[PDB]
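10 protein chains.
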Amino acid sequence: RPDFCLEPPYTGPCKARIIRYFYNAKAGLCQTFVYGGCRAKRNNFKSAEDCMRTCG
Amino acid sequence: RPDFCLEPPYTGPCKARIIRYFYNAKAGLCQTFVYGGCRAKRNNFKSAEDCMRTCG
Amino acid sequence: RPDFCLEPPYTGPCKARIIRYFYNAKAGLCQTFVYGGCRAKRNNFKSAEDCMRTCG
Amino acid sequence: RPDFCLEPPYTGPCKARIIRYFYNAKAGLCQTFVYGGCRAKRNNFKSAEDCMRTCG
Amino acid sequence: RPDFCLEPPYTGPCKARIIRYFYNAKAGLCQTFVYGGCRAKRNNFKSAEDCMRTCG
Amino acid sequence: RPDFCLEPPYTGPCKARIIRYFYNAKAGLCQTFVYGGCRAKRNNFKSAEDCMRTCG
Amino acid sequence: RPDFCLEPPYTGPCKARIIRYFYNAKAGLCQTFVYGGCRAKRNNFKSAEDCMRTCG
Amino acid sequence: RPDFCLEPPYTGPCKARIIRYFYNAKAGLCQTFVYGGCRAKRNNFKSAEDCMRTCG
Amino acid sequence: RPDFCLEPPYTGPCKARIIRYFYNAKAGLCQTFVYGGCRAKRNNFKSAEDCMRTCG
Amino acid sequence: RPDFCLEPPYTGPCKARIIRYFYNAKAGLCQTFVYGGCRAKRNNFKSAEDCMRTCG
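Just so you know, the sequences run in chain order A, B, C, D, E, F, G, H, I and J. Numbered by our numbering, the letters in the first sequence go through residues 8 to 63 in order. Numbered by our numbering, the letters in the second sequence go through residues 8 to 63 in order. Numbered by our numbering, the letters in the third sequence go through residues 8 to 63 in order. Numbered by our numbering, the letters in the fourth sequence go through residues 8 to 63 in order. Numbered by our numbering, the letters in the fifth sequence go through residues 8 to 63 in order. Numbered by our numbering, the letters in the sixth sequence go through residues 8 to 63 in order. Numbered by our numbering, the letters in the seventh sequence go through residues 8 to 63 in order. Numbered by our numbering, the letters in the eighth sequence go through residues 8 to 63 in order. Numbered by our numbering, the letters in the ninth sequence go through residues 8 to 63 in order. Numbered by our numbering, the letters in the tenth sequence go through residues 8 to 63 in order.
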């Protein structure tokens, strides 16, 4: 799996409360987190399917 | 049905106001609740279809 | 995890070509499969989020 | 619950393969079926949430 | 039409601002209202299609 | 209501099987029909909400 | 085109921040506006496709 | 408006029947067409909102 | 690519927190930003697919 | 970018006609392709946003 899959979720400086998925390396699966709407990091997926396939 | 279907809905510490479904064992059906966006428990479904099938 | 998470994906007798998710116990993650539209088994999720949480 | 909730699912004369929900009075929950796209009966829901609330 | 179709829309105690549909018996059609996310009444539909068919 | 609301649903020459809504003047409400994907007439709505408001 | 297509967008008294489309007669096209969630006027479309066809 | 807004809709060699929008320069608005799923040209929009804004 | 693809993202005067995509000419790809809900500029896409094709 | 981003799109053995995105290394952007519904490879994204961020 890609190295960015090991990064902690990043909400960012923006004010939106949008649900995104990130890979939790410790748990071994993708979980939800609140994304601000801008300046996203690579461990940020709009689709859980994409999260599992890319990082799983 | 799985034991987690008996736990009460858990909103969590996050600030989002997202609608999710949980199985209400008493009522015998799935109902809506507000999910915060993180630290979800197992009785939390994005799709009502999934909620009925998994817990119904 | 629930025992139904161990059953193979079931397309069913119906003629629709709808994408659903099922838990692949060997792979340790949820994958896609084509659902016919009726007579679904429990290892059938409309949302990948629901699949990981329920069976992961 | 409304009397139409006791009707069997009706696919109709049209050629589409769309997933809809109907209340299965015997099973006591909503299930999926393939809707043709036209001439729908009342026990036909686009949302599973609506199906459980209206007929549950 | 079902008796619950005659009830006024109920937002509920929760804080979400989700759009739902309710049947306006006076107007003879379904209209939008803001649902809080929990403790929904029967005259609350996620889909306008479901609202017209159930109450129309 | 607009005059186009009185027109019969028009599927068109294209091959797609997409669900759309049209106003049924006789029934006094919007119903579903299968749209081919091209050369749409005015009594064709992607949203049932839009159909009721425009033609209801 | 219908006369309601000439009305200015109406947000309404409700507290939601939902994106809707309205026909801008001067610009000759549909644009976005923030709908409150209730008491909608006719120049309010959930789908841009519906807006262009109904008012264009 | 961009020059690609003047090109005719292109379905492509693929077998899917997906609805997309294209700008009809003559009609002065965006209309639907069936996209095959691959080798898309620039006058192909997933969202009608994007089509009006980009080409309108 | 169109000249509007070079303009910075514009949130606008409205109060909604909606995610949209804009083309980042320097980065050479589309990124997310928070749109207010009204008075949109041309470098604002509802679909990321549309953003890459139009500006990429 | 990950090595799987260099792989050609893979439709698979299944019979569904679902649109997915894949990274076209030569073009330097994500494009659409038809996915069969099963046995997906890593260069397969449900969201174009995810495709650009993961492979861009």
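Be careful, since some hints might not be right.
Below, in silico cross-link-like pairs of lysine-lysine (BS3-like), each with a Cα-Cα straight-line distance of 25 Å or less [unchecked claim]: (1) H/48 <-> F/22; (2) J/33 <-> I/33; (3) H/33 <-> H/22; (4) E/33 <-> F/22; (5) B/22 <-> E/33; (6) F/33 <-> D/48.
In case anyone wonders, no lab produced these hints; they're calculated from the structure.
Please verify whether residue 33 of chain F and residue 48 of chain D have alpha carbons no more than 25 Å apart. holds (17 Å)
Does residue 33 of chain I lie within 25 Å of residue 33 of chain J when you go C-alpha to C-alpha? holds (19 Å)
Would you mind confirming whether the straight-line C-alpha gap from residue 33 of chain E to residue 22 of chain F stays at or under 25 Å? Not satisfied, since the Cα-Cα distance of roughly 41 Å exceeds 25 Å.
With the threshold set at 25 Å, check whether the alpha-carbon distance from residue 48 of chain H to residue 22 of chain F stays at or below it. Distance ~20 Å between residue 48 of chain H and residue 22 of chain F Cα, so the pair holds.
Would you mind confirming whether the straight-line C-alpha gap from residue 33 of chain H to residue 22 of chain H stays at or under 25 Å? Violated: residue 33 of chain H and residue 22 of chain H sit about 28 Å apart, past 25 Å.
Next pair to validate is residue 22 of chain B with residue 33 of chain E; report whether the Cα-Cα distance is within 25 Å. Between residue 22 of chain B and residue 33 of chain E the Cα gap is close to 38 Å, so the pair fails against 25 Å, i.e. violated.
Violated hints, listed in ascending order, are 3, 4, 5; each of the other numbered hints is respected by the structure.
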